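A single protein chain has been omitted; all remaining protein chains appear in their positions.
Note that the chains are named A and B in the order they appear, and that numbering of residues resets to 1 at the start of each chain.
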Amino acid sequence: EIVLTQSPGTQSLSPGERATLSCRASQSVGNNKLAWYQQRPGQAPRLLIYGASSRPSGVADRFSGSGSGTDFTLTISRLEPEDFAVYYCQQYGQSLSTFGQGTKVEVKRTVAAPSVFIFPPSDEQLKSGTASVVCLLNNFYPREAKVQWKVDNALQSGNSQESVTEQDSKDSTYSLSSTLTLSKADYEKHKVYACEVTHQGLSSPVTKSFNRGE
Amino acid sequence: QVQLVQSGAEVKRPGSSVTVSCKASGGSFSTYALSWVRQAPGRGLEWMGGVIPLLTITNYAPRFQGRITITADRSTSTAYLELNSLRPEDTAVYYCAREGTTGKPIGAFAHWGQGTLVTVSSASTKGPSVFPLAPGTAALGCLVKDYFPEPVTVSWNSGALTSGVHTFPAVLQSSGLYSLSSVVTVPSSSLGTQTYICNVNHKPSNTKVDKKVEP
Partner (left out) sequence: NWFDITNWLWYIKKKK
């Protein structure tokens, strides 16, 4: 099996910049049968380059493929807004075809610390026997951020889940939401619910908290 | 122009087998290679195998060999993927993909179907509860909890409010049910005067809720 390595897995670049994406194969790819695809969230992949360097009609000539053997490159001569997307390489020079793990080309912008908000459970939800507490980290950059829940100063594990939005098409930030869930009875055994947030843009962790029942 | 149209989303129980279909129109079916590629949630593309219909010649990735069958029916220009012994890690969007032409075939996949979401789960259809996330700048939102299967869509103020709205990807809970949240930031000064309503639509359960979020 030929292993295709796309590294780095993310590149943060500015609109109008040149991008070069590498694909390295663990062994020589037969007849330069190497393709590149673009994929946007919610869409099927789209073929940009085949045979290492050939471009289908309809594909913008700002995309160009080069290389041979084990070292292939997709170059985007000047990034347009729609070029911020995920790119995959694929070799089909042996009957076992394989894909690279993909490289996400994302918009570089200035660092923005998260704005943090905490939400106690609604009265409606509590009436049904469950308590979800939500922490929102809004409009930050870069994507890396961490949230920890503390309940009466005890670090929580296994009772939360989180997810992150796609990069915002207007301000190029990310947001993250985390939800802590307990039974109503367990929620009522504790007083202080806090979320503690770490991010490059913060010089020390930010905590938002509430006291149950206020 | 070649167009590939796949069958619709399916929920499958663990251990079952799924068949996904791909119907082609607009080109020559028999002499071009048709592959299946899947993409698990938050993961990359994975090539599974392919078929050349005229020759009944299949080619499967070793990972799937013994668990997959790909077939083609010229009479209806349809290709089929069977995947057996399903497990939770088989939850994915499955795409059919046909090689492009210059005509002369190029090997690489120029033509893609729209994808088929196959969810492997023991969960039953269930509509969500919609709870408020009650509110310089203020944040407010809705928590759309415990539904199955995907997807849910959310708008604000019947689509009139989009600036500052963030609707998060669903998470899969230990119960096998999904949850997601949608938030918006607004002026603090606007909270007394302006109404904020989250419109949540979960078609499989016919849950269509318009929840007013207040201080």
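Note that in this section a residue touches a chain if its C-beta (ideal position, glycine included) is under 8 Å from a C-beta of that chain, and two chains touch if they have at least 3 such contacts.
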| item | value |
| --- | --- |
| Per the touch definition above, residue among B:59, B:69, B:71 or B:114 touching the missing chain | B:59 |
| Sole residue of A:6, A:39, A:97 or A:178 that reaches the chain not shown, by the stated touch rule | A:97 |
| Residue touching the undisplayed chain, where the options are B:31, B:76 or B:85 | B:31 |
| Absent chain, residues of chain B that touch it | 31-33, 50, 52, 54-55, 57, 59, 99, 104-105, 107 |
| Positions on chain A where the hidden chain makes contact | 30-31, 33, 92-95, 97 |
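Here is the rule we use: only the chains that are shown with their structure count from here on.
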| item | value |
| --- | --- |
| Distance between the centres, which are taken as Cα means, of chain B and chain A, whole angstrom | 18 |
| Of chain A, residues touching chain B in the complex | 1, 33, 35, 37, 39, 44-47, 50-51, 54, 56, 88, 90, 92, 95-102, 115, 117, 119, 121-122, 124-125, 128, 132, 134, 136, 138-139, 161-165, 168, 175, 177, 179, 181 |
| Chain B residues touching chain A - in the complex, by the definition given at the top | 35, 37, 44-47, 59, 61-62, 95, 100, 106-110, 112-115, 129, 131-134, 137, 139, 141, 143, 145, 166-171, 173, 179-181, 183, 185 |
